[PDB]
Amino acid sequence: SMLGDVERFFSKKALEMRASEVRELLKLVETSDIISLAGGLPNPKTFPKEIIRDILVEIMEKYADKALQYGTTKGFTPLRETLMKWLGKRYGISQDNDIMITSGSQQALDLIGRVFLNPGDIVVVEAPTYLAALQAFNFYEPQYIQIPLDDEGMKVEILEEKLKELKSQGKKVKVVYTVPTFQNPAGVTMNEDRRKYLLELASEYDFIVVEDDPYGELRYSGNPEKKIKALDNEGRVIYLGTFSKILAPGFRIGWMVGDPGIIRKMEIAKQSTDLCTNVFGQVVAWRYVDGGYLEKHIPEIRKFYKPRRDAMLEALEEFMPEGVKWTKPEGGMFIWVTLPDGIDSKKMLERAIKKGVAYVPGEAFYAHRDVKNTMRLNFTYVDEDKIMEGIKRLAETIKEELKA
């Protein structure tokens, strides 16, 4: 820095912000010739580029001044309308909710932190959970309770146990954050009984549920789940959707649906953080949905990623040694691996990289960083031939690690 000790200017929160050594290393990996299973990106082969070109032409013909001008903080009205209609018809979400457009679900998470969290308020997350949600919420200094997953999602019985324990300490939870379908990073899905159990708990213990759902349309097998927000009779759930994996992440458009009183506060908070979400992308998204292109494209996304999920699940079954376990996702972008303990996967990444493969060590996905034998693998953005070879190199890395 030109100012020398620039830290003398920074706020208490800024002084706590740091770069992750692992995220930095992984950035270097992506641009080199290693086979990386560490990515979190959708494959550009799935971006509907013809449909996007046609929509861009249409916007410059018919909607140019709307797409190019400032928008309201709440969002482009026709997008908000088409979304609520889509969500009602497709998922059974109640039209009594209100909706705001966000600059990605990442912004929704930050706005949830702003609007709900005082320092020390208690947020429940899954263990593991989405690392960027911990990052959004951490600015607001919550205390976390983490609830393990199993192959059917959050262990909602352990949440009831922890809620009773907190109540006995005179404390309560303000928000439960869940990624209940094709989780990033675990890949598993909360079963229907647990969804309804979660909402009974939300009523009994008086908390809000944030349901973050980027992946529900990326379903490759099994039958559609019921959205937690579709089961929500009390208006306790805030549902987050995003265009990032169903259109393309480059437009940075998402939406937040929930109780009108909550949405009004969110609108005020957002006004000072970014004024409005880019209106040009909102118009593109509106045509994409209203023009029926979303509905027509979703099957092509599923057809693309399904064989990639399958190649990775086949390669794990064939190559992994005894005592390694992995989830079997019905959709989404990730498979989550557990190493016969106590291999530490963060320590093992060095070795894996040396053998020409990378993954994300699972420790960052735990609010308490207390589980060390997990890894997130991604199958969306590399290719079957490299999925097989990558998984073999990871399997030999684990066999080598299991010795002295």
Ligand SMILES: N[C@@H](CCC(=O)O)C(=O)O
Given for the second form:
Protein chains: 2
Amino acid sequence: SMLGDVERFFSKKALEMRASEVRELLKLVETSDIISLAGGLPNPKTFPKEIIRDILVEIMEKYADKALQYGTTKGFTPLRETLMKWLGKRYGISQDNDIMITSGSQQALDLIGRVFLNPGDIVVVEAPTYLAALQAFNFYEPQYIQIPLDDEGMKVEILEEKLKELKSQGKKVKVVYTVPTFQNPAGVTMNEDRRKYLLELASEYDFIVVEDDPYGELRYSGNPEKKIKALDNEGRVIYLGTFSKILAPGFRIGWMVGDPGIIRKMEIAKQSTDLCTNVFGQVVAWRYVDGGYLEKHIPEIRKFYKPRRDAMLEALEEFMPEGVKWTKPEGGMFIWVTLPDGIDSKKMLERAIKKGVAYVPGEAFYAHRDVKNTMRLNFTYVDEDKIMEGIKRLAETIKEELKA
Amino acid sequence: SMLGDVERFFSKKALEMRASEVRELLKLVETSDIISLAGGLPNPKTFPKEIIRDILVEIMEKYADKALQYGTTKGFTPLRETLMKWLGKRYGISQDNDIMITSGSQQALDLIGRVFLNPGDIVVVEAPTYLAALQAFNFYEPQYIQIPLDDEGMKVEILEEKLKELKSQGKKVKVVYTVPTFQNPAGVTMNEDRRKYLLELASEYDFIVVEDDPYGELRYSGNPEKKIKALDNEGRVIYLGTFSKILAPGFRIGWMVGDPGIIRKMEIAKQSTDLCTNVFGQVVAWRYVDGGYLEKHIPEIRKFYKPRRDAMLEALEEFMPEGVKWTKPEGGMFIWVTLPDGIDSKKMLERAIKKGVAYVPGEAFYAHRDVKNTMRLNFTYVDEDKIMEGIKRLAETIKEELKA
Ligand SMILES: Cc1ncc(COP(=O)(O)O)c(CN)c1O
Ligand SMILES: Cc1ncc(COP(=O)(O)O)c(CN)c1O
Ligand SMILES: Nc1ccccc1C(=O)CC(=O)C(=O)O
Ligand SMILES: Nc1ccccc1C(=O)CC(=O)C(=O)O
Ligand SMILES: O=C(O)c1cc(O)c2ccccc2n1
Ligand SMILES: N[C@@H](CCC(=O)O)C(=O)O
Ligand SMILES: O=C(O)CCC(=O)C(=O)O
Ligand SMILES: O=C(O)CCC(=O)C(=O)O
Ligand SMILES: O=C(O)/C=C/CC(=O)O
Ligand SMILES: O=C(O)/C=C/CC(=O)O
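Next block, the form solved in complex with ligand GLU, ref. the form deposited without ligand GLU:
Then the entire complex follows, led off by the chain already shown.
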């Protein structure tokens, strides 16, 4: 810096902000010849570019001033209306909720942290959970309680145990954050019973549930789950959706649906952070839903990604040595791998890159960073032939790691 | 709310967020048939819609995957590079600075608050200043020091006097926030001597200057000022620009240029707030600048607004009674009016609306809400015949107000 010790101007929270060594390493990896399984990007082959071109034309013909002018903080009315009708019909979400458009779901997470969290307030997350949610919430200094996943998602029975223990200490949880369908990073889905059990606990212990659902339309097998929000009789759930993995991420348009008192406060918090979400992309998203193109395109996204999931699951079964385990997602973008014998997957990353493969070590996905033997793999966006070769390279790296 | 006392879940800062009575009133006014001079919107007649259509075509042909995929937090590299070349050539801003793309300048103000402000830190603003900057920074709980404007912008001598008084209390200012060209709301411009004086004080007292410049290209008379940033040999200035008033606000694209140590911290802070600014609008903006269209379009924006500033200045001179004073902007969107005899312009707004005219009362533009006799008028976004009729209605409202 030209200011010398620029840190002298920084706030306390800014002084705690750091670049991640692993993040920086993976950025460098993505530009080289290594087969990276570390990405969290959707595949541009799934972006509906012809439909988008037709919508851009339509916008310049018919809606140009609306798309180009400042918008309201809450969002473009027609997009709000179209999303609530979609959400109603498709998922059974109740029309008594209100809706706000956000600059991606990522912004929704930051607003959640702003509107609900005082320093020390307790937030329950899954272990693992979405890394950037931990990052959004950490600005507001919560305390976390981690609830392990199994193959049927959050172990809600362990959450009950922890709630009773917190109660015995005169403490309570304020928010439970869940990514309950095709989780980033674990790939697994909370079953129906657990969703209903979560909502009983939310009533009994008086907390808010944030359901973050980017991936529910990217279903490749099985039958559709009930959204937690569709079971929410009390108005305790805030449901987050996004166009990032159903349209394209580049428009940065997401939505937040919940109790109108909650949404009103979120609108005021958002006003100061950005004035509105970009209206141009909101009009694109409105045409995409209201014109029926979303409903038509979803099955093409699904046909695209399914064989990539399946190739990766075949390669793991064929190549991985005994002791290695992995999730079996019904949808989404990720498979999550657990190593035997106490291998530390972060230390192992060095070895993996030297054998021509990369993955995200799972440690940063745990709020307590306490689990060291996990990895997140992505199947959406390496070449579909590079999945087999990637998984083989990873398998051989694990074999080498396991010996003397 | 269906949760009853939903406030039980809200953070301390959320409990102190409130809707503004006047802002809500003015929203209702814009719907109706009142002549509103209260807007802060640019006129869609200045949006370069043909150029935008050609660029959208171009993007879908050549840049579709870049425009539709997630971007880096810092911004789209070609827009960053083209902006730095533009700012170098046009304004003489040094290439030693770094640049981050923001989701409007508004987001830049929130990030400045996050990165620099601990509760109690002292921020100097102009009196009046940009309302949404007060609102952005208020989340971070600064103390403000207010420096009056005169017709040549911030009275930097008064800022020296206050810096000396603070120093005698063992205290110092962290950030001076200035909107030094065609201010929103006052319309006036800090002269060159004061710019240089500000930067000497910045050195002597060790603070950072945030220069927020949405309007500098909307110049209708006079010669171009030197940007404070162009005079900044120490790297103490963070320069904020936006495409809102020179392309269209709907893309929500702005930029922040400053010391690389500062910009690195801003990038980390942003990452968790929104991942990236919408890439699709960043590509549009990149073509608009690099393609030479910004430079061609600026003179058409200026030709459009100039006669509207002039009509409003003519009407005020012809209609306003004695004692009323107003600023005489060389550019931008606003003219600022001062009422005599202790009229409270907030109380007078009711009277004005009954006579078919509206404006923004000036009180909320003061950090200390202590000046009661001012008003912000906008000339960009009506009609341009309703300007004369609006100002006449306003003049008669003031005459009646001045009577018992
Ligand atoms: C769990 C989760 N939450 C939210 C996000 C952030 O998404 P957005 O692009 O909407 O900001 C993602 C990525 N699709 C995610 O995996
Ligand atoms: C002084 C000032 N700063 C910031 C902004 C917000 O601009 P943006 O659309 O880039 O968020 C405005 C509105 N043009 C403004 O007048
Ligand atoms: N590779 C990605 C692409 C898009 C969103 C997240 C990811 C990630 O998994 C991490 C990342 O770099 C980020 O979030 O900014
Ligand atoms: N609308 C805005 C957009 C950006 C910044 C200020 C404002 C306003 O001041 C409000 C306004 O224009 C209006 O209600 O017409
Ligand atoms: O005079 C007012 O009471 C007033 C007027 C405004 O335009 C405001 C905008 C934002 C916040 C508070 C506000 N208060
Ligand atoms: N290890 C993280 C980087 C951030 C962190 O370590 O906290 C990742 O793989 O994305
Ligand atoms: O998850 C999907 O991909 C479908 C729609 C949705 O749930 C969302 O995008 O938020
Ligand atoms: O006009 C200027 O001088 C710079 C301000 C500007 O145009 C912008 O922010 O876009
Ligand atoms: O898909 C994504 O963008 C999320 C990836 C998980 C993370 O690294 O935050
Ligand atoms: O819209 C603008 O350009 C300025 C608005 C000022 C405000 O009311 O915050």
